[PDB]
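This is what each chain is made of:
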Amino acid sequence: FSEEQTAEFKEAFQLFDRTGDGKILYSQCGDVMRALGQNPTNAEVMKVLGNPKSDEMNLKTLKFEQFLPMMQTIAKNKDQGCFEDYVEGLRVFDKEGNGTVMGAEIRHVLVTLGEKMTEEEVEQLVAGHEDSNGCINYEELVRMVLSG
Amino acid sequence: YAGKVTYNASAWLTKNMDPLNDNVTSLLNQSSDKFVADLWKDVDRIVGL
Numbered sequence: 003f004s005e006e007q008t009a010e011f012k013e014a015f016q017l018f019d020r021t022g023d024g025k026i027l028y029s030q031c032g033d034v035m036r037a038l039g040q041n042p043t044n045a046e047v048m049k050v051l052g053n054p055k056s057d058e059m060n061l062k063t064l065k066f067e068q069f070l071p072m073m074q075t076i077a078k079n080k081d082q083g084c085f086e087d088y089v090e091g092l093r094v095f096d097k098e099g100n101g102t103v104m105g106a107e108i109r110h111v112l113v114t115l116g117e118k119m120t121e122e123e124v125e126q127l128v129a130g131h132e133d134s135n136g137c138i139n140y141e142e143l144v145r146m147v148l149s150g
Numbered sequence: 586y587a588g589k590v591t592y593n594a595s596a597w598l599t600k601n602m603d604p605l606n607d608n609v610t611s612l613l614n615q616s617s618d619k620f621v622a623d624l625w626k627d628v629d630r631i632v633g634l
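Line by line, the protein sequences are chains C and B.
All letters in the first sequence, in the order written, are residues 3 to 150 by the entry's author numbering.
All letters in the second sequence, in the order written, are residues 586 to 634 by the entry's author numbering.
With the rest of the complex left out, here is chain C:
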């Protein structure tokens, strides 16, 4: 990366610290990767983390020169999921094909499938994007997560 944006990338990492001690954990790593510009699969992270469990995931520390090879290794990244894949991805539960699903199934599938969400993760994401029948149209929900 350019020392221009790498200066900025450093700052956001430093603003992730808890104390000042220079050490953002194997946990928060995922948010730093995000906040710089990424949307990693929690797997993409786990890959460069070195496969820890909750214990050393919480206990092991990172510093920036331990992080920057990670952020770099992802970034020029394999395949980035288009609008088209994603809509069909949510389209899955449209019992007929309609373009629409009930906001209850949609709140739930994200809390049961793939990289599972909490209710907190879902409600903020989905709410106010169901209509006056309680259907979330998926097409716009997909666009919403894109341009965000």
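One thing to keep in mind: the hints can contain errors.
[Claimed, not checked] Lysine to any residue pairs mimicking SDA-like chemistry, simulated, CA-CA at most 25 Å apart: (1) B:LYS619 <-> C:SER134; (2) B:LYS619 <-> C:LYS80; (3) C:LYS80 <-> C:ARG145.
[What the hints assert, rightly or not] A short list of chain C residues far from chain B (calculated; beta carbon distances all over 10 Å): (4) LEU64; (5) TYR88; (6) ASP96; (7) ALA106; (8) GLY116; (9) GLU117.
Source of the hints: derived by calculation from the structure; they are not laboratory data.
All residues carry an ideal CB built from backbone N, CA and C; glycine is no exception.
Given the structure of chain C, go ahead and fit chain B onto it with the hints provided.
Quick look at chain B alone, frame taken from chain C:
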């Protein structure tokens, strides 16, 4: 007024009636597309015996 017109009457019954395979139709009713599902939600009228 403007001329004696000939009408022919063969097939008029089923023209003022409109019958169809109610089966495929009730599935056109349960369709995916907004158009087809709006267009065919009127299944009740089709006659089967």
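### Hints breached by this structure
As far as the earlier hints go, 2, 6 are violated by this structure, in ascending order.
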